[PDB]
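Trainee: Each chain is listed here by its residues.
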Amino acid sequence: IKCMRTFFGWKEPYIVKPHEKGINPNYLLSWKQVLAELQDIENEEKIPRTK
Amino acid sequence: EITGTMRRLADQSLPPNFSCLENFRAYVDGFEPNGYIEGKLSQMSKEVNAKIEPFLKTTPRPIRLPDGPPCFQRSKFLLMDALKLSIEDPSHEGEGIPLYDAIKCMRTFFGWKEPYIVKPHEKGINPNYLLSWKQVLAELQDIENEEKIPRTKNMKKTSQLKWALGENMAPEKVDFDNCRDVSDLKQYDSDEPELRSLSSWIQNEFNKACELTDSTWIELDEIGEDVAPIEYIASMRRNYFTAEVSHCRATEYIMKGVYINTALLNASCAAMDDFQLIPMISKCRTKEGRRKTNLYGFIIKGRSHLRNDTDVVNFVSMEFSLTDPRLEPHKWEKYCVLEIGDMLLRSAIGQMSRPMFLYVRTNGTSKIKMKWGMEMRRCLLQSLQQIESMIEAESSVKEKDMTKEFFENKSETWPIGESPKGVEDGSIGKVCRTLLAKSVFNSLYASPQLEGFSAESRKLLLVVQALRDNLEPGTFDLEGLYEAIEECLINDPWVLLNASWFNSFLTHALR
Amino acid sequence: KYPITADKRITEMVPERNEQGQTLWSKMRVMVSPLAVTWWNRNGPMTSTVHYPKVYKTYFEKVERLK
Amino acid sequence: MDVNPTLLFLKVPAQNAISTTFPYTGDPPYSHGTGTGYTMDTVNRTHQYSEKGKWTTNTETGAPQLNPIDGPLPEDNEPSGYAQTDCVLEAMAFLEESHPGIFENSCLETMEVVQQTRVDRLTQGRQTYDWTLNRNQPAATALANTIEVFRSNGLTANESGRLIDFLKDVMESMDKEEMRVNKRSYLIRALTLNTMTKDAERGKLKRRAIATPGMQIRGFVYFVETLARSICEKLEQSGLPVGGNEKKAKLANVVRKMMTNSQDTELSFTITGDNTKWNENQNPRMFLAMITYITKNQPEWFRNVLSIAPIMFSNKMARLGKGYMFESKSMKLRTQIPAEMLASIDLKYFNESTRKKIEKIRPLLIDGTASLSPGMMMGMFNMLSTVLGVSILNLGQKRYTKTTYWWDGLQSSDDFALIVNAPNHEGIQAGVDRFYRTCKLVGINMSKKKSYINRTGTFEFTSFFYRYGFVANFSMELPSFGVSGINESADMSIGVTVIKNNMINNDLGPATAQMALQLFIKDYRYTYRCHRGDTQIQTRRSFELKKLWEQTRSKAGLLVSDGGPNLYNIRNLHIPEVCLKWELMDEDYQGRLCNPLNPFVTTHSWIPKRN
RNA sequence: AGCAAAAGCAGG
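Chains as they are written, first to last, in PDB author numbering: chain A, 308 to 358; chain E, 206 to 716; chain G, 54 to 81, 88 to 126; chain F, 1 to 179, 211 to 632, 662 to 671.
For the record, the hints were derived by calculation from the structure and aren't laboratory data.
Treat the hints loosely; a few may be bogus.
[To be verified] Listed below are the simulated BS3-like cross-link pairs for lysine-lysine, each with C-alpha atoms no more than 27 Å apart in a straight line: (1) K635/E / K362/E; (2) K378/E / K363/F; (3) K353/E / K328/E; (4) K52/F / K481/F; (5) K635/E / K11/F; (6) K327/F / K245/E; (7) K553/F / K492/E; (8) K531/F / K576/E; (9) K262/E / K480/F.
Given these sequences and hints, build the entire structure.
Mentor: This is the structure we're talking about:
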């Protein structure tokens, strides 16, 4: 988290490669869930060791 | 719309000679002066008259300091003997909830012997404070090793801490009728406290506290550019000032106090029912490295419900210490010193391996004193205000208007030191440091004794300047000043030392 | 968090989370975060109108006296 | 080696380095305990000061009231508030003879203001005493309280909107025998004045116990103080209403006017000091007499509506406070004892000093609240007392002292600074003893302990210390230099405006004011987390700041609360911030800023959620 | 026990 916090340069997520199978938007929203979960846990909870 | 009843009250309000409002008004409106004042004066007793006297050179005797037991320290945190377990320069992006930075620094040090008391308190119960410290160490290791990283930790209730804060010590409100039958009751023990005598310890603490520490202890950012003249003069004055001040130990006390009081006020406004652990943590940038979070000492805050700001809050304070007690056992009748083993200091030759003791004293500050210890940056500012006032005075008496005339020149122009059969002179650096530390101790040992002394020493010193410049001063009643000073010198060591300083000033000035 | 208060109208213009995901506004009007402000000032409607110096242009006159 | 700041104070001139004896850089001591003991001691002291004076009970009150005036001449140099009204009247007569037309002009100003005034102004006060809850409360609630109780009363002036009719109808229903409170109890309740121990008294050891009045007398004192402000504005010797650098110059001007020594065959000394017991040894009777003389040849109704203040000064029953809190030693139990029963309790539970105080006051207790009117109320901004005492200084016009020596100077509410001349130390001693006597014959008591005297050139007054030509001042200490706590838009503005006010009025040098702004912006950023864009410090927000900071076109032209730099300095403080940045900003940012689409309206402004 | 003072806290 400290290292991800170090980097700035995050544009909006839009897919660049068509998977051609499966569903690309769903993986986009997965990544979104990741970032949101990480910021939300660390900013405003009692520091869980593993999330 | 007077309604007459006000005319009744009015006619009763007047002097005895006149019994009505209307006769009064007619007398005044029909009044003229007839030189009554001279008849009044000649009529008067000659006893009632203020007779001047020559406030002579040899008249003002040395103010006698009170006598009694030795003066004892009461600061919320010791000042010279404390030490700080560094963090060794962490990164710049990693923020830290302060407990973990502290724990990291306590984790850095090894040299913990078994705890056994070194100073008999002579009151209270020393073993209980020992076991309090034990609870602290155990709680800290236990939380951090095997729990989900709590941001802030509040201790567990025990015999030790609950004794040292007296959650049972409270009596309870009751009505009058149920207790009037009792005869044990008293209004309160509202009386003067025990006298105290000056001693040498506070002087040593001050001397150490004016001295230069090594680090920088304060940064300062940028502001809009400088075009007009007065802007440049302000800029150079403040730059000189902060550069001279930053390497103080006074400024160290400043940031330490500010962080301590902010933490305590955050806690108390945010947490009352819970014994809290807090560090005496302070952020200092190394002169040559990164930001350093120093761990001065742990705190065990006691429960704090502040129905009014004036109310006291009590707690316990642990600040580490190298220098042994029993060299100056008068300085503390209040501490409870433990032994915590050795710390392996490195001198130029060999290794010192001095023991390590801990001063787990108890205390209680306030809400108010916490606020005013938060606002000591104002006190630094006030020292600047004073120096600038001095320089503007010297600019009014001499049109040179030269700040640079004093700020940097190597010129012995300022005495602040008294030596055996000598007086030392220093530069503006030492004096800015000293004025600052004086104001900081004013902020630490603020007490009505100080304010009384300040007014009275102010008036007498003003008279003494009036005397020394041959301005034929006079004073009607002088022993009133002396007794009132002696009234205000009750017990406060800082007050006492300002008084001994006044004394030796009278002597070396010779007025 | 969430010091600032503001209406529900903002909810349409701006998202509930930014690129990092940290939140700008949440319900129990909606509480808004200070980050929400600095998201406006990076991206928002740009308009060259000079109506707001209706009275704020007065202070510029006082600065022309200085410079 | 030992160390001392007293020896830098040895060499250095005292008045320039005087601030070193200004230790107030830390919290004032305050009074943890109920002031009631200090109140009792003050009342004991003033009633001891006038013990020679007879007293007679007031009608319908049951209360002894002492009238010191026409008392004897004092016996000993120990102070005592004994005066003679004739002194006051001849003083005012010499004053008007000196300053012709000043009285009538100030009177006409009082007429036009009372005709134009409105009730809406008084309510913007602080802690006027309400009578319902019997406790000091805010002024808006106070005004609501009185207008509603008046709506219940038969009067209708709260609907009028004017103010003197309001005071008149206050008086009318005040003369009523019932509201649910009988006439005697109601007149004791209206004249009541909370005790309310002094807080922040800097420069003492024990406490003054400032007592404060209620709203109903507040308008009367407002009118008479408006008269006093007018007459003192037309005066040249007042110190209170004159202020700032004009006051600073007035000090220097009077010493100029009197220090010029034509035919200087005479030595000269120039007293300063502090007139002890100012709020005690004075009296409202002299004030009423002054008032009657001041509005000579005027509308009678104005005479009455401006004489009503000193009379209710002339009879007042202030409270004592909370009471005490007794405690058991063995059983360890405590309780508060409201002192309303103090006129019943035995004299054994108490402390001995306390005991003797009680028996001194216990006769002087009616409804439990102490009655007294030989002495002024502690800590009012009267300033008609300055109008009094300045007349003494006016007597030292050589026409009227009618001798070789003569005094003059200025005098604020408690400080005073005479300037005399006489051919020798003996003549100056003669004239100053004459002055001290005179000043006591009017009932003003110059202390002999904490005062002094010197050659011309150096003299204190109101802390505006005046060495030969230098006029250093330490009137009020710097306050806080921290955020106001509202929003990132106006908190900065409020801070800068406060800094500007305290550099323009007081002696905040710019050298400290830049540093003050520096601490202020540090606190601003550390509170709202919003450090510079181009930095390395971390927080919640710093993402968007490091984002926008590259997003821009003009980098330094940014508001500070979003990554911006602070271009303020002592040149450009009155202006706001975005005026200084506006045309240094590009249209994207400026368009995002001033836009009605913002819920913020000024987009940085907002309302925080209550807590 | 302590804080700090010519009176209060040591929770309601």
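Trainee: Would you mind marking each hint as holding or not holding in the structure?
Mentor: These are the hints, each one checked on the structure:
{"no.": "1", "hint": "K635/E / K362/E", "verdict": "violated, 48 Å"}
{"no.": "2", "hint": "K378/E / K363/F", "verdict": "holds, 11 Å"}
{"no.": "3", "hint": "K353/E / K328/E", "verdict": "violated, 40 Å"}
{"no.": "4", "hint": "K52/F / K481/F", "verdict": "holds, 26 Å"}
{"no.": "5", "hint": "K635/E / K11/F", "verdict": "holds, 16 Å"}
{"no.": "6", "hint": "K327/F / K245/E", "verdict": "holds, 26 Å"}
{"no.": "7", "hint": "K553/F / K492/E", "verdict": "holds, 20 Å"}
{"no.": "8", "hint": "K531/F / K576/E", "verdict": "holds, 25 Å"}
{"no.": "9", "hint": "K262/E / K480/F", "verdict": "holds, 18 Å"}
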